[PDB]
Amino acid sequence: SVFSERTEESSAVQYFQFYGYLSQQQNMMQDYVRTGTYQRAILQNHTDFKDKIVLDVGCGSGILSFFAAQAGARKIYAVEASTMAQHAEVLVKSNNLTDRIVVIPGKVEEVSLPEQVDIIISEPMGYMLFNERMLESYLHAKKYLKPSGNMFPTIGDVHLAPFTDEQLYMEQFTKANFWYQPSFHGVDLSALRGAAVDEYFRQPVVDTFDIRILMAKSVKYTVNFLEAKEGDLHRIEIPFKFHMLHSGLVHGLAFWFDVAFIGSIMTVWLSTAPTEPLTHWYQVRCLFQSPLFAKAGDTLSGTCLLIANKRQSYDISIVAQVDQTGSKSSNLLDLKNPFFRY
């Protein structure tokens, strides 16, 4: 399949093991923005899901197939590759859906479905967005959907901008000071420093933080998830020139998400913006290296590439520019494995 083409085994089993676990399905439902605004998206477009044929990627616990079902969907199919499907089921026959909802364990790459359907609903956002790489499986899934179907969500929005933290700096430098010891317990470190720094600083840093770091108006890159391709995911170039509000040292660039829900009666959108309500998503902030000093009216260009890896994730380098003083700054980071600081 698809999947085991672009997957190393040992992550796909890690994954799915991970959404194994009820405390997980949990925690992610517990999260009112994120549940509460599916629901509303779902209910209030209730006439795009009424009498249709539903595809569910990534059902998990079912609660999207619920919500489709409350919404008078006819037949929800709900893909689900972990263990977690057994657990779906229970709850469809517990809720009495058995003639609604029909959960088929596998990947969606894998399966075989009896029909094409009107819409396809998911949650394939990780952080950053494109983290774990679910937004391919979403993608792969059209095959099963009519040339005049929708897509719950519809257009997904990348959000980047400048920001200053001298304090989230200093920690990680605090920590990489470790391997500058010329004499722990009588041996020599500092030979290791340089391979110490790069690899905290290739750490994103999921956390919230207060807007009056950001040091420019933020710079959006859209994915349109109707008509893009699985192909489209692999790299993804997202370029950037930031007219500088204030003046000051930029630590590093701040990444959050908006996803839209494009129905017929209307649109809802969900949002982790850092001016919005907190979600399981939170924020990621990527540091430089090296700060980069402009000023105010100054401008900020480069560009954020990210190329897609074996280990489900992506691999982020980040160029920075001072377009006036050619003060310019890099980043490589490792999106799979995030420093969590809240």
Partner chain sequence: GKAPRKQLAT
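Numbering follows the first chain given and starts at 1. If you superpose the two forms and keep the largest set of C-alpha atoms that fall within 1.5 Å, you have the rigid core. First, how it differs from the form solved in complex with its partner chain.
- Superposing the two forms on their core leaves just one of 269, 209, 180, 221 with a Cα displacement of at least 2 Å between these two forms, namely 180.
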Contents of the next structure:
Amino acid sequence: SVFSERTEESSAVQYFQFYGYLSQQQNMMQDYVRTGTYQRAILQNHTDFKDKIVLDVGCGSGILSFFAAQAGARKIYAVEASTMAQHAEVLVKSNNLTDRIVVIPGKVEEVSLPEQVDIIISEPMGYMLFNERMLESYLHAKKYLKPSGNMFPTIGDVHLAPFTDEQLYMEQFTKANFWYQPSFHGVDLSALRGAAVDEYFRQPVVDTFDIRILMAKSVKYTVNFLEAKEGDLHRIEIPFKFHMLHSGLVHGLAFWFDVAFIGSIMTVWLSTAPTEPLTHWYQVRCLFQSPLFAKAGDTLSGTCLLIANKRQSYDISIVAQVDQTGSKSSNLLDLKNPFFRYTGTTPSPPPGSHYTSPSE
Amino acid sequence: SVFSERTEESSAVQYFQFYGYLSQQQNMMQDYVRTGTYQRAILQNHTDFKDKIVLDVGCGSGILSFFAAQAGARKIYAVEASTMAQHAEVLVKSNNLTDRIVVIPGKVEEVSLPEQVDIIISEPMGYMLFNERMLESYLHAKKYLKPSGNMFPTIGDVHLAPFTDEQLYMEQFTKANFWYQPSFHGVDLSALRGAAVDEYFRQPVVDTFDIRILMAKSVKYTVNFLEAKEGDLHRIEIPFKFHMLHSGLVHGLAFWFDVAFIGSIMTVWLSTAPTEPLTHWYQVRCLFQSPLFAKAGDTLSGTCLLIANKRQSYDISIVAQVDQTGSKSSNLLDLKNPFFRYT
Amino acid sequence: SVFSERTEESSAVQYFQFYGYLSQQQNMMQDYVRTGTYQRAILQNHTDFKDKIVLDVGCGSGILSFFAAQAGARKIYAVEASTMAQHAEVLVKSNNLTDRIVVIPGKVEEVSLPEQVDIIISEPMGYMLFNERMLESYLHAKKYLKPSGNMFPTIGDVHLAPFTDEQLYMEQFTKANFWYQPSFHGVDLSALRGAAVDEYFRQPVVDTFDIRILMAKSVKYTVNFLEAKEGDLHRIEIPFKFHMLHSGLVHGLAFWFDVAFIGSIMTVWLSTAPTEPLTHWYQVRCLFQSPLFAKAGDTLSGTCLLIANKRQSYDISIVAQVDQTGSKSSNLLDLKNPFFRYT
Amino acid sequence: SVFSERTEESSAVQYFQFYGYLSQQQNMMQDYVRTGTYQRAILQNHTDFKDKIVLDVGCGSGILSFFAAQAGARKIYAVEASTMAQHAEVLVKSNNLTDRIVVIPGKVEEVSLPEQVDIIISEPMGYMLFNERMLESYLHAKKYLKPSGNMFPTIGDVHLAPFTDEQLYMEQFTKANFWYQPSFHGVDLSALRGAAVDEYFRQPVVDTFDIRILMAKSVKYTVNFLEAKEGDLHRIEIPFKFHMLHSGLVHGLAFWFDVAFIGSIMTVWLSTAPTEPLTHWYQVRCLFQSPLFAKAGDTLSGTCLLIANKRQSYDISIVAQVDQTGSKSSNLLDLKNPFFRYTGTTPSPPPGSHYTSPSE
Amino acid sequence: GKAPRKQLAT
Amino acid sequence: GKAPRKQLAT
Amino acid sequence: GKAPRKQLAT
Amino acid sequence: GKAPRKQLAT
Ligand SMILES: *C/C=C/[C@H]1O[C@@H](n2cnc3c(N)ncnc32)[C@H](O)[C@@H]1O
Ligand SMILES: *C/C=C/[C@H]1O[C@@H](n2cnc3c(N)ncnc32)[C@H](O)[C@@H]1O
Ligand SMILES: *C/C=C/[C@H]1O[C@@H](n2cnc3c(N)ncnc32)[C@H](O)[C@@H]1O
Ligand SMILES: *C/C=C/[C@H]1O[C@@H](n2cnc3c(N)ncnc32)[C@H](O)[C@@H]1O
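Moving on from the form deposited without its partner chain, kindly provide the form solved in complex with its partner chain as a structure.
Everything in the complex follows now, all chains and molecules, and the chain you saw is the first one.
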């Protein structure tokens, strides 16, 4: 199948085993922003579902299928590849919906949907939108979408922005400098220091931050799920031309994403921006191995290139230069091995952000 | 090979991917009690190494081989299956020990050592000792061991004792009670309340605890690595009969382990006990879905059974019974999927 | 020279011996708020530096000069009197900024700069702002300043507010009560109880405190570094008239300071206030030997007087008076001998 | 004067200003081991003081003078160079002892004692015994000691021992590795890293430790204050030949000292050993820049050479080698700039010290 | 990756 | 499992 | 004084 | 040095 060709079996095993746990489902359902927005997007576009046929890709607990039923769907085909599919079949029986929701255990690329649906609902967003490569499974499912059918979500908007966070950057060398001692229990570890630095810099940082660490308005790259094909997500070239609004050391690029459910009645937005309430996707920042000096009025240009891998993720290549000085910087990161930095502390504003006397 | 049969690939891939990260090495080496105790045990027993042939099973960054080299070892075969082997080679070259430490990449069940060895050193202890199923690879390396050969560590004592911790029981129980809701966004989740409670309590809890919560003297089950063979660890049956010292709700069993380096000069112990300085192994507590009430002086008997699985871990089965009342508690736990509680 | 007259040698020796230690540099540079705010203020106002001539007074390791260099400065004269100057040179050479940053060792009151400068940058703030008497060296460097020249920082606001802290008062009072003993090993120390109380309360207390202990809006005394001259800081008379917002014992005055980098593009503030993130300056509290009782709405007037001494510090004199009752409190404090309470 | 010749005025100023504070006196008097032992050593050797003439060098608060009076001394000359001398004159007046204790403000090398005393009492011990170079002032005072007079304390015993403390050693590089980052706020600090390492290693560590970190019985170097002359303390060569009892990495040499008050009645000991209750002198450890591997049964030989400086302290040179391997190690330390590491935590025993199962 | 979805505190 | 050895704070 | 700038924990 | 005698806690 198409899924088997692009995924090493070792990746799918650990992947779907993860999603088999009700503790992981619960974590997602308890995300009020995620679950509430999906509920509103469906129930408030009830004409898009009333008496419609619905395909729920990666239904998990089937919670989205129940919202489709709550909106008046006629038949709902709920596809789930993890062993969560049997827990959803329990929910469907006990909610007395066996006549309207049909749980189909298996990967959407492998099951035989019997018919064509009028609308496809799914939650295929990984962190940085593209992780887990479920977007392709969401696009693959369009083989069951009747012509003139809809996709919930309809579009996805990944936002890039350059940030400054000296503490985040200096944390990398602080940790790797463990190896820079000549007599750790009598062993000289220093030869491995450069490797430790490279390892920590290959890691995207998954946490949140204060908006004021950004130094330029965000650049938005848009995937239209109604138009995009599977192969479009294998190579994702995201050119950027940021205009600096703040002077400082650029330490990397911050990422977040929004999706819009463009219904016949109203368009509902689910946004993981740093402006909005925190969601379980947080935000992701990619450091630069070497920071770039840029003043307000310079242009930071470069490309962010995402190359899908057989581990259901993306290899990230970020090149960036300050056009006025030519000083450039590269970095490669493994989206599959992020660093979960979030501690719960409300993010601190960058130093030197007080323009009036705080003592006043 | 021996490894590839008891290990399905998707577990071995994710397993050795984990040890290929230097950050995970740093975490183990920065464990001062662990790293310092290993060095003390080797240096203090330096003639178990002086001009001897050493096999280092799962050498990681090679820190154990360097200790054996400091002790005066003639040759040291440091075997490592993760990509960390390449980082071990760099440290051997930069410490000018190319003439003594030979990094041999691969799984010890698969590699081909040039000669038999006098002593094997390794850190094959997972949390609760038996996780990772690396003790089997450790015992499997005895095929390269001389007859009078030694093992460092030599034995491992796993200690279990019943505990009371209503805070921890309530914490896991209330988590599963999310699935008690009759109307989560209008969706009745109650039917899965069963399955959720079984799931959350299938997880051993990994953190530290004050010993005041232990209600009886610990039971000890010893594994002697000189005398055990690989197949002995496929099934570990640990009977227990606890004489209760305090009344109260028994919420489960608390696990920790000791290992002993029985050398020619002195025996040096490494202990993960709750009274000892904290280590990256912490301790392990297995919760009862429903706790058992025991009076001070009652007897709590049962059996803790460990069956090895293909995921390089164990299916834990704990049955506990207050003999004075017949209050029984049957529990299944998945050692490979623990809940890391420590903050 | 100007420095050697207002500074007796034994103070200057111990003073510059202190800044010659890299560990004391690391402590200042690891102050993220301090180092980050200085960089923001310089980079954000980059054209106050672009192709300009910069004088860095007391450059330490040179971190400010590097910020001025990043901002685009043409030439930067980094002056440093401690042996740290040699470490600044090494960083200039290894950052390939030999063509832009010129380390000139010596005291700024003594060195000979080749040309006048457009902007002076420095960190001349001691705890309570005025300690170290380095603001005088900062103002003294204005002799190299062009007419339209700028100062970074430009001004300093010192804030004082009355506080209540019975825990701190009792802590210092009980310390001095050691000398109340009539029979310490049979020796009557009571005669020195006076002298001990005066000594312990002569020390300003340096730590942080929650703002809930402040009983009135802070008074502000501003020093404008563009307009002040060296001699202005020999005597600092700060009147205050506090309208009390809460009843209770006034145990003394709490001091903190702000400095402002008034650039061409934006003003950036660095604040050591008790509501702001902690910095290595902390805050300073001056205790009353006997506290004053004030009711909510009473007025607490007086004067805080700072007379510069030869030990590169100030003799503080605080008289505080509850106007409604005439309850007066006269205090002498030695800024150079503070009690570092923070733990 | 002799004191002026060997002390830079800047050193004496900060030195005696320190001792002018009653808070510093109080800290010393509240040392129960220090004050109690001195009291016992004097009152329990009452024949050494009864109707005797006493000289109290560096009396401070004059507390030792009061013990001499409590023992029945006829006249006590109490010499104090700091401004604490006037606080002691207050104590003498208010204790109604102006006829038996005479406070003489000034340095013992400069005042005119009018007569010769039968006994000299002082507390001239700095940390590592020799810091502050007050021992020489104590020996200088022997110009007033009648022939066949006594010295309280009579002898001093500095003990050396090699220790192992990987955490202490690794702390040095952890702190200096601050400089080993290429972009600290855009600055490469790494060129200063080696200097930071050298700075931290020039510092003696003043705290306490568990006895089990020692790896060989202590070597004792003895100064007899009745025989020693001033010039003997200008250069202090302390040869050592330790026999290792434990295998491990030697990270330096630990120091502590004892003094004995050898009275006509009984000899009273004041010991700052790690075996004994903590005193305000603590203990002092001098690291090695490079640790030395030694097994139980090797010999660690070398010299500790102390060279007095004009800052009232000593430059410390420690050379040491493992004879069986020839591997040696040097280190230079400034005794005047120690590192006060004590935190209050009861010292941890070295790892691998459990010979029986702790779980038993 | 190990944890596709991250834990969000309740 | 996912993380055989657990992170230990220093 | 003795220590003009005070130690700040990191 | 700066502090000839060290502080001992009471
Ligand atoms: C982020 C949510 C993931 C959910 O969707 C399921 N899932 C992922 N990939 C597939 C494919 N290819 N087919 C069916 N279901 C899929 C995950 O198991 C999870 O429940
Ligand atoms: C707990 C420590 C694990 C270390 O040992 C390595 N390791 C595990 N399993 C094996 C086998 N079978 N052969 C060689 N090395 C092994 C881990 O990679 C880790 O470094
Ligand atoms: C608070 C920062 C002090 C830094 O400035 C240096 N410094 C103090 N006083 C002077 C004078 N008069 N000239 C030059 N540099 C001075 C200190 O050494 C420290 O680095
Ligand atoms: C450790 C105790 C020191 C006390 O003795 C005083 N002191 C030091 N050095 C001298 C000299 N040369 N003459 C008289 N008194 C001295 C210190 O002031 C302190 O009280």
